[PDB]
Amino acid sequence: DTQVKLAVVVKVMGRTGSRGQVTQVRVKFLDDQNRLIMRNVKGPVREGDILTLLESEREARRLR
Amino acid sequence: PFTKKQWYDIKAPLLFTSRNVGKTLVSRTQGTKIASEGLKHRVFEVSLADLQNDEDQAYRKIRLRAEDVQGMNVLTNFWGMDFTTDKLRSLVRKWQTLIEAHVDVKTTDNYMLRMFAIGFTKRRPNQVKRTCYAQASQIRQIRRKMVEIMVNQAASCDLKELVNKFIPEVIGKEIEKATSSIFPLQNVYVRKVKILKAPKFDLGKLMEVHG
Amino acid sequence: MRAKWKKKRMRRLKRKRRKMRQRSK
Amino acid sequence: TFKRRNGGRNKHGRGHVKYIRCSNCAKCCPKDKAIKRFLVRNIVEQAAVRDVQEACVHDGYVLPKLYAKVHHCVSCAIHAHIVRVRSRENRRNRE
Amino acid sequence: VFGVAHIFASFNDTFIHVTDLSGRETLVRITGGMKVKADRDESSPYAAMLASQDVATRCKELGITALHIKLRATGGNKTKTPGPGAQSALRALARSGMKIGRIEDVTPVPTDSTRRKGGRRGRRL
RNA sequence: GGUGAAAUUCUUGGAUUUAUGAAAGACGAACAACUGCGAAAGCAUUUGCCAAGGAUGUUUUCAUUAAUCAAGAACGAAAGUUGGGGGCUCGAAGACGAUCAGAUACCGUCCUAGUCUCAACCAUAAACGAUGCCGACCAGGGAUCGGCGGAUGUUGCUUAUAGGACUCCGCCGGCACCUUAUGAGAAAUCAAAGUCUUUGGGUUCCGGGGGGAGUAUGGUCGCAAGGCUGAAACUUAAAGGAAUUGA
RNA sequence: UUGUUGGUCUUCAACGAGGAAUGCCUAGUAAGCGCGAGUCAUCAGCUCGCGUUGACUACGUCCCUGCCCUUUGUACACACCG
RNA sequence: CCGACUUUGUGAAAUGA
RNA sequence: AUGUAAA
RNA sequence: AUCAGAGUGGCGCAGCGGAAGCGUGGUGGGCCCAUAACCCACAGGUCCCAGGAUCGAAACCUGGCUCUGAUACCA
Ligand SMILES: [Mg+2]
Ligand SMILES: [Mg+2]
Ligand SMILES: [Mg+2]
Ligand SMILES: [Mg+2]
Ligand SMILES: [Mg+2]
Ligand SMILES: [Mg+2]
Ligand SMILES: [Mg+2]
Ligand SMILES: [Mg+2]
Ligand SMILES: [Mg+2]
Ligand SMILES: [Mg+2]
Ligand SMILES: [Mg+2]
Ligand SMILES: [Mg+2]
Ligand SMILES: [Mg+2]
Ligand SMILES: [Mg+2]
Ligand SMILES: [Mg+2]
Ligand SMILES: [Mg+2]
Ligand SMILES: [Mg+2]
Ligand SMILES: [Mg+2]
Ligand SMILES: [Zn+2]
Numbered sequence: 040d041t042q043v044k045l046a047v048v049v050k051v052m053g054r055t056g057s058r059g060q061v062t063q064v065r066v067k068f069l070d071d072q073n074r075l076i077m078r079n080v081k082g083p084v085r086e087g088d089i090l091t092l093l094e095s096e097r098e099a100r101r102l103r
Numbered sequence: 137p138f139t140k141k142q143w144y145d146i147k148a149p150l151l152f153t154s155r156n157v158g159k160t161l162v163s164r165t166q167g168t169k170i171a172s173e174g175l176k177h178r179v180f181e182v183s184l185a186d187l188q189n190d191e192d193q194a195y196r197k198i199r200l201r202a203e204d205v206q207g208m209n210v211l212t213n214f215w216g217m218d219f220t221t222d223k224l225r226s227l228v229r230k231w232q233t234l235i236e237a238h239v240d241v242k243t244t245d246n247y248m249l250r251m252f253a254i255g256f257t258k259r260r261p262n263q264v265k266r267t268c269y270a271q272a273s274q275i276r277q278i279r280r281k282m283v284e285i286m287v288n289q290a291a292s293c294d295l296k297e298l299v300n301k302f303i304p305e306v307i308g309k310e311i312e313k314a315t316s317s318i319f320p321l322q323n324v325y326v327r328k329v330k331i332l333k334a335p336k337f338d339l340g341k342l343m344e345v346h347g
Numbered sequence: 619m620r621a622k623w624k625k626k627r628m629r630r631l632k633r634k635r636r637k638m639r640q641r642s643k
Numbered sequence: 081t082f083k084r085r086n087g088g089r090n091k092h093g094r095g096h097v098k099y100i101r102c103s104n105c106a107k108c109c110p111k112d113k114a115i116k117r118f119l120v121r122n123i124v125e126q127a128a129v130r131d132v133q134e135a136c137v138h139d140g141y142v143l144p145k146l147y148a149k150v151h152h153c154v155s156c157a158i159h160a161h162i163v164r165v166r167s168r169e170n171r172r173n174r175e
Numbered sequence: 036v037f038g039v040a041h042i043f044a045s046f047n048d049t050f051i052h053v054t055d056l057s058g059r060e061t062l063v064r065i066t067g068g069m070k071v072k073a074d075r076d077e078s079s080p081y082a083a084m085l086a087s088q089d090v091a092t093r094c095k096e097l098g099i100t101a102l103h104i105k106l107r108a109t110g111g112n113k114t115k116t117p118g119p120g121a122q123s124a125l126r127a128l129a130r131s132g133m134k135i136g137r138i139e140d141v142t143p144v145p146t147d148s149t150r151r152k153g154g155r156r157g158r159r160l
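Those protein sequence lines, which keep their order, are chains E, R, P, V and C.
Those letters in the first sequence? Residues 40 to 103, by my numbering.
Those letters in the second sequence? Residues 137 to 347, by my numbering.
Those letters in the third sequence? Residues 619 to 643, by my numbering.
Those letters in the fourth sequence? Residues 81 to 175, by my numbering.
Those letters in the fifth sequence? Residues 36 to 160, by my numbering.
Don't take every hint at face value.
To be verified - Quick list of simulated restraints, FRET-style, between CB atoms: (1) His159/V / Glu297/R: 56 to 66 Å; (2) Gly53/E / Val142/V: 51 to 61 Å; (3) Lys83/V / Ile89/E: 53 to 63 Å.
As the list claims (entries may be wrong) - Under the rule of at most 20 Å between Cα atoms (straight-line distance), these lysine-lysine pairs were calculated in the PhoX-like manner: (4) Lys98/V / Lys230/R; (5) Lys141/R / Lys176/R; (6) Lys622/P / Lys634/P; (7) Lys301/R / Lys281/R; (8) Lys197/R / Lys145/V; (9) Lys141/R / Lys105/C; (10) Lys95/C / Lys116/V; (11) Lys265/R / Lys296/R; (12) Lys159/R / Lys105/C; (13) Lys281/R / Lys242/R; (14) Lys98/V / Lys116/V; (15) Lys98/V / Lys113/C; (16) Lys328/R / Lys301/R; (17) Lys83/V / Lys113/V; (18) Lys115/C / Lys145/V; (19) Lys111/V / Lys145/V; (20) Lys230/R / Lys116/V; (21) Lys223/R / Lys145/V; (22) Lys105/C / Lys115/C; (23) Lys230/R / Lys149/V; (24) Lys230/R / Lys145/V; (25) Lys140/R / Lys95/C; (26) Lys95/C / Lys223/R.
Because the hints were derived from the structure by calculation, they are not lab data.
Beta carbons: idealized from backbone N, C-alpha and C, even for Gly.
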């Protein structure tokens, strides 16, 4: 029973993927605002977007 | 499945400042698989940082031997020591010489053990030369000094005073004070003290060191 | 290694030519 | 044609150099020819270091570090981009 | 109250092995492949994520509150670089609710080892 | 376990993992290098012993005793051979599981000989610096290895100094490297492959287009594998080296 | 005439959104809808123009196919279909 | 080859009753 | 994997 | 000479009456510049020749053909 948690995209680091189709962003957690994690995001995403996030403790790695 | 397990309190001898290094557990004492005599020889792996309440000695793991239990309270005596691998790999680097030695020692208490010593030359200040190598005969000379000094410091009373020479790093800091006439040898140490063959149980001998 | 394996072929062939001579000796 | 001055290995004054094993394919290449890097990595990368200083029981504790001297052959070094094919002129420098 | 977490972090799999302070009794041994369907997922860092979450829960349900970590690679005559699951296991096993006492690498490193699998030219693929 | 993914394989007769310990045999990490020694092959744990060795130093000796060397001789990696010891790891052959059209291969598991040691053979490697050996001259520099000489200036040393480490300067003898043609070269490149048509220091070996071929035959050595010595017939107009542009 | 075409009544097929594969397209664009011209004595399912209605997706990447530059390798030059 | 009884006595512990 | 003899 | 065994897709072969397939081969697309290879579809046969019984045969029995394998010994 994970409770879906929220983040804001502070900066868009890049655009990874074989076909360059998974944005790699750096998210900051709303519920406790000192946790910043690098995640993968698909589709158009800009700065300040709020992302719902089912499972939290996974993170990506630079140029995944 | 984990309900027939009782914990036990591992308490270290009086030659260490801190006590109660940890908690072990055994199956409840039956007969034929009695717990007390059944295990009786745990070898715990505990750093010396939490036995001296410091962080300068965060390296220098001590391995301690469980040798008796007294009423839900596990006695212990020293059984050996070593560096942490991060420590040793941090010390050993390029562009210098690594010096090592080893000796068998029989302390007055009927214990046989082995000493491993290690050393590394210094770059003196103003040394413009990129490297610091000895010349394979001074290596042998200071290896011979380490042998002589370490056996000299040994042939003492007991593991008590031997280990309390270990604790303040006696051996190292009077290896270079014995050989700064050949090379400085920054980071002289004793990596490993291997207790080869202990004499016997000797509960009385245990008791005053471990009270 | 075409050079090496040509050498090995001639080694085998010369061994077999030798055998035919210890036959017709 | 001779591709390099020293042959890709620094062997002068010797006749035989003890071989070693590539850390990836285990190929036996001489110790003076293998691409040898002394990698010293953190136990965890810097995005997970605050989170372990928030879990170390005793304060003032510093993270250990992985020291390891990895060896590669030329094949695996090229393939994994440890080293790269450089121009005829840039090839020579050792910096 | 202290335990010891032997994190065997090789490739192809990852082991998280918790014992008492002596190494003679395994309180819990959760394996990355116990928590996935794929014989290729068995080595990914995610497998170590959740297989460490369950270590933490079965560790709270046994009592020991702080943990001496001891990481270890394949060792011997093989790689000495921990598998992908090492850092994932530490990351998840610290933040799932737990206390880490002391980190240390106990990977087997030989003074010099026996001959290594692969032959002279080695694995050429 | 293993891989990209698999399966062969091990496993509730408790594998994998953890700790303690014992046996076996192998290997000697990191230190470890444009570093040393060795005639080359080669030689990295410790101490002892045994002989040997280059350099350095020398106001010691002999006095040309020297250089290179057909015949002849010593050593000569790995493999391999005869026979003991050992039998960990790894592993030709062999057997499997994959892949594939095939897969007698690369990949994964088991593995014999072998890997190790002894006694005795063998005599070849891209045995390489693809660069014989001794000698002289010629261009510059900083490194570094060993020895020696000279500097004051600090040692977590030294009953004080000397000496050891370190800084500076110079000699020899090493292993090399960086810059430049005024040189050489087909150029690549080379401070020795220079001092070559302005051609001559000495000496040994060795090549005469490509194949046939290090083959046949003869000899000789070897237990054998093979080694050393080694043609012809015929065929061919190119084969080959270096560098340029393009693909 | 092997019915040029256009009407009228009747005849009322397959086709249930199409396998492997593959094409075109980034804003009045795709797609839907008609008109005009070319051909023409007649025949427009075509081609070239024209407007009408009017979007989803993306604002990327070198993974597939290719292109340009540099480096590198080459036993290729009719040039890797070597 | 192994099983039981017999020579075959003594006391001690741990598991079944 | 491979690539007219038809110049 | 007797006695078994087997005659099934183009080839080698599976089949237990309701009743026909497997690999491969062939035919048509697809990928490729083109051929393989690979992906997707398509069509198969006088179930050796001639009878019978059997709801129901290629199978079951029998007659005819062709190959193969055995046994043909004491004198
Ligand atoms: Mg030398
Ligand atoms: Mg060699
Ligand atoms: Mg077990
Ligand atoms: Mg040296
Ligand atoms: Mg060593
Ligand atoms: Mg030769
Ligand atoms: Mg030669
Ligand atoms: Mg000097
Ligand atoms: Mg000729
Ligand atoms: Mg050429
Ligand atoms: Mg018209
Ligand atoms: Mg037309
Ligand atoms: Mg296309
Ligand atoms: Mg040509
Ligand atoms: Mg081709
Ligand atoms: Mg062909
Ligand atoms: Mg076809
Ligand atoms: Mg085709
Ligand atoms: Zn490799």
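Hints, one by one, checked against the model:
no.: 1; hint: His159/V / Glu297/R: 56 to 66 Å; verdict: holds (58 Å)
no.: 2; hint: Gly53/E / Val142/V: 51 to 61 Å; verdict: violated (32 Å)
no.: 3; hint: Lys83/V / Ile89/E: 53 to 63 Å; verdict: holds (58 Å)
no.: 4; hint: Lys98/V / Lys230/R; verdict: holds (18 Å)
no.: 5; hint: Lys141/R / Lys176/R; verdict: holds (16 Å)
no.: 6; hint: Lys622/P / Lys634/P; verdict: holds (19 Å)
no.: 7; hint: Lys301/R / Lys281/R; verdict: holds (18 Å)
no.: 8; hint: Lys197/R / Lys145/V; verdict: holds (17 Å)
no.: 9; hint: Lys141/R / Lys105/C; verdict: violated (24 Å)
no.: 10; hint: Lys95/C / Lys116/V; verdict: violated (44 Å)
no.: 11; hint: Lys265/R / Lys296/R; verdict: violated (44 Å)
no.: 12; hint: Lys159/R / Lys105/C; verdict: holds (18 Å)
no.: 13; hint: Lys281/R / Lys242/R; verdict: holds (18 Å)
no.: 14; hint: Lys98/V / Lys116/V; verdict: holds (14 Å)
no.: 15; hint: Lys98/V / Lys113/C; verdict: holds (19 Å)
no.: 16; hint: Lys328/R / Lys301/R; verdict: holds (14 Å)
no.: 17; hint: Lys83/V / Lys113/V; verdict: holds (15 Å)
no.: 18; hint: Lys115/C / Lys145/V; verdict: holds (13 Å)
no.: 19; hint: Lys111/V / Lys145/V; verdict: violated (25 Å)
no.: 20; hint: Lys230/R / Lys116/V; verdict: holds (12 Å)
no.: 21; hint: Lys223/R / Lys145/V; verdict: holds (9 Å)
no.: 22; hint: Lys105/C / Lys115/C; verdict: holds (14 Å)
no.: 23; hint: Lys230/R / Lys149/V; verdict: holds (11 Å)
no.: 24; hint: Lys230/R / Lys145/V; verdict: holds (17 Å)
no.: 25; hint: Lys140/R / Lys95/C; verdict: holds (18 Å)
no.: 26; hint: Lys95/C / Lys223/R; verdict: violated (32 Å)
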